[PDB]
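Listed here are the chains, written in short residue letters.
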Amino acid sequence: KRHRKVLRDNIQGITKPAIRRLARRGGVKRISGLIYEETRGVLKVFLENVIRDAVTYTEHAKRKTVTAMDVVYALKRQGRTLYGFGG
Amino acid sequence: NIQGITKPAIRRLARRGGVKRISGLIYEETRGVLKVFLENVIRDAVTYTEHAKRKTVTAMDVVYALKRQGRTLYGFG
Amino acid sequence: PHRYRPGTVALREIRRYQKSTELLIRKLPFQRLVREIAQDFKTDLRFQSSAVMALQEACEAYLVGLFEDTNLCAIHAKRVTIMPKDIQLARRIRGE
Amino acid sequence: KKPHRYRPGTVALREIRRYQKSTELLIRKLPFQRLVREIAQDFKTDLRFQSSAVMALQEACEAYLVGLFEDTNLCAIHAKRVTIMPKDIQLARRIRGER
Amino acid sequence: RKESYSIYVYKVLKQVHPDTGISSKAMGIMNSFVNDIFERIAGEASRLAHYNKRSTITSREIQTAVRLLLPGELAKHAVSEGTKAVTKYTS
Amino acid sequence: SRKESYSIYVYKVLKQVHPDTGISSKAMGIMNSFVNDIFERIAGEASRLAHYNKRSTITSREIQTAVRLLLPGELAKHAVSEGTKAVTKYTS
Amino acid sequence: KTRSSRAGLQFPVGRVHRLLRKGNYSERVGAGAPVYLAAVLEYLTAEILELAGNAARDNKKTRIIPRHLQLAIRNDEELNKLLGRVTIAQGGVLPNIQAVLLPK
Amino acid sequence: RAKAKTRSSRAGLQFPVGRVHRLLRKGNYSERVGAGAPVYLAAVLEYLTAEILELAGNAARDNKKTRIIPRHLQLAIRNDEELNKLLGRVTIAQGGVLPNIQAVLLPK
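Protein chains in written order, with the authors' numbering: chain F, 16 to 102; chain B, 25 to 101; chain A, 38 to 133; chain E, 36 to 134; chain H, 33 to 123; chain D, 32 to 123; chain G, 15 to 118; chain C, 11 to 118.
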């Protein structure tokens, strides 16, 4: 009965150097200034779809805690099977 | 027999795809791609035929093969 | 004599073939190719007619989609002529 | 004497080698968690999360983005450029079939 | 023999477009469509039941599967139709 | 709280192929995920095969055909060889 | 009295029930599940036929043909999403020319 | 009663035939299950496990490590064309990617 500070503008936590690092893993050598906002949008869309499905599973089980298995099933049914989080 | 897929036919297909100008080397490349695609589908199709211990490939065999590669086809059920 | 400029007839053909739906490859050579390829897995196979028509619908739809993506790749490089490297890029990104 | 200063690109390449050699997650844990909770709140209020669920989500997000950047880089190189631009991302996602 | 949804498709068509007909191929395509969506929904429902160690598929599982399968407005309208139908049937 | 996994069998196979090699807990978990994934794919494909032909029994024949559908080329041939040899040795 | 009639539906509830029982989906089937499923299928059929009829009327045809179905599906964002990986035989494609290809 | 022999032992296998049989019975895949089907399935699963472990061990020794970790599994999978095809849509947690720099980016 002591809830956290209302979440706002959290998209800004995806920092410029973090996206740069991810791009480095992808082999990108030079990065236009406009890339960052685009990346943020894409990421947000992806996340929305995943979290939507996960929460749907959570509600079906009449639980209030999203579990790792919920996420694994959501990802699996979108053709992005994830290994390592079973059991 | 690969040459029966003629140059003007591929041109017509490209027209449906919206292509306005076509390099001369495209045609051979396209043929190769087509061959690969066909092989895969047919490989699966004949497998279904063989599982049923039949000698005639049916339309349903093809539909199932296509479905399991994620290219669902409507109209032949 | 009258002569249309390069591209006008191409555009006319684009409109023509996007308006209609008839199959664009000749039936019989396509069938011959199918039987030849089939022969390398199992001998003496026969085919129902509607199976071959289904295969033809699938092949032409697949190729049409590939050409749309190829065209987008060509235009991306500020060209208007599609080239083999465009097809290879499209196929790599599709994951084949 | 003049301070030592590598030419543009050297350090980028060394970073590519560095980050392709290792496997640790590259986004900060807590801001990512806050992002997830904010987005989740717009479907149902007051949800809680298991820790391993958030870690799984993070693995999925970063893997997805890494793949997107590989394809983006290939699209950029195709146009004889070396700098990736928004239109490259949009082409990559159009060809994947997400839009 | 060979079952199809043709007569039901025709009744729906007469409800929505009294003066519109349909070719044989189009009816065949509609049958393929209906079977496709049927298989998808039943399969998703099956996984739902297994994940929760339940042996019965109920209307609630159908509803959750519908929410997973259909995007946005289509999902909301489908849920509305399902709820009305179950409520009318129950009484 | 009893949770089954393939851990002990994975470990025995590992000792057959690399006597002096170990494995982390995470990797064993990944192996369990892998095994379950391939299991589900094969069983599901086999179910579809049985359904298409109006047979109510899944036999080793359905398994073999499913194996040919899912695995590419030489991997498929080798797997089929192993399965056939195993079944024939078992039958005697 | 039929169950479909009690439910106000056109799709055959009984047939759907039998297909669920014999489809090896679960050990038991609730009484409401086939009603719900039949309602959803009928709704979607109505949506597709609505759009296809519209497309037919634009084309001044009185019979819906496959071309009209393809046009209807590809011109609706949510249906196109749902059937993103479906090929409609004899459907063709949407008329579409990239702007850069036109003269001037 | 006869001395207990396991079906895995009768088949010369390491994977547990009995457990696979139970999972097939309870996975609602078909109404009936033949006696030979779980033997075949177990053999295939064992073979594939052996193939992945083979490549992963090779990778582990190439890196002078004695314990296989997820990095080695990812390397093993991506460097084999047929396994890469089979697991084309699979993410290996903590796997990273293969070292790979496009040739055009290196200096001249």
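Keep in mind that the hints were calculated from the coordinates and are not lab data.
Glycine included, every Cβ here is placed at the ideal spot set by N, Cα and C.
Careful, some of the hints might be misleading.
A few chain B positions that, by computed beta-carbon distances, are all more than 10 Å from chain D [as the list claims (entries may be wrong)]: (1) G28; (2) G48; (3) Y51; (4) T71; (5) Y72; (6) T80; (7) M84; (8) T96; (9) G101.
Here are the simulated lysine to any residue pairs, SDA-like style, with alpha carbons at most 20 Å apart [stated by the list, open to error]: (10) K115/A - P26/G; (11) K79/E - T30/F; (12) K91/B - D51/H.
Going by Cβ atoms, does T80/B stay more than 10 Å from chain D at every point? The claim stands: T80/B keeps its Cβ more than 10 Å from every Cβ of chain D (closest is about 15 Å).
Verify this label for me: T96/B is non-interface relative to chain D, using a Cβ-Cβ cutoff of 10 Å. 14 Å, holds
Hinted pair, alpha-carbon criterion (20 Å max): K115/A, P26/G. Please report holds or violated. 55 Å, violated
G48/B clear of chain D by more than 10 Å, beta carbon to beta carbon? The assertion about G48/B holds, with a minimum of 34 Å to chain D.
Chain D versus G101/B - minimum CB to CB distance exceeding 10 Å, so not interface: 13 Å, holds
Holds or violated: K91/B to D51/H, with C-alpha atoms at most 20 Å apart: 35 Å, violated
Is the Cβ of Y72/B more than 10 Å away from each Cβ in chain D? 7 Å, violated
Was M84/B rightly flagged as not at the interface, with every chain D Cβ beyond 10 Å? With a cut-off of 10 Å, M84/B comes too close to chain D, as the shortest Cβ separation is near 8 Å.
Straight-line Cα separation of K79/E and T30/F no greater than 20 Å? 27 Å, violated
Is it correct that the beta-carbon of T71/B has no partner in chain D closer than or equal to 10 Å? Given that some Cβ of chain D is not farther than 10 Å from that of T71/B, nearest at about 6 Å, it is violated.
Against chain D, does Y51/B keep a CB gap of more than 10 Å to every residue? 28 Å, holds
Given as non-interface: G28/B, partner chain D, CB spacing beyond 10 Å: 28 Å, holds
Of the numbered hints given earlier, the model fails hints 4, 5, 7, 10, 11, 12; all others are met.
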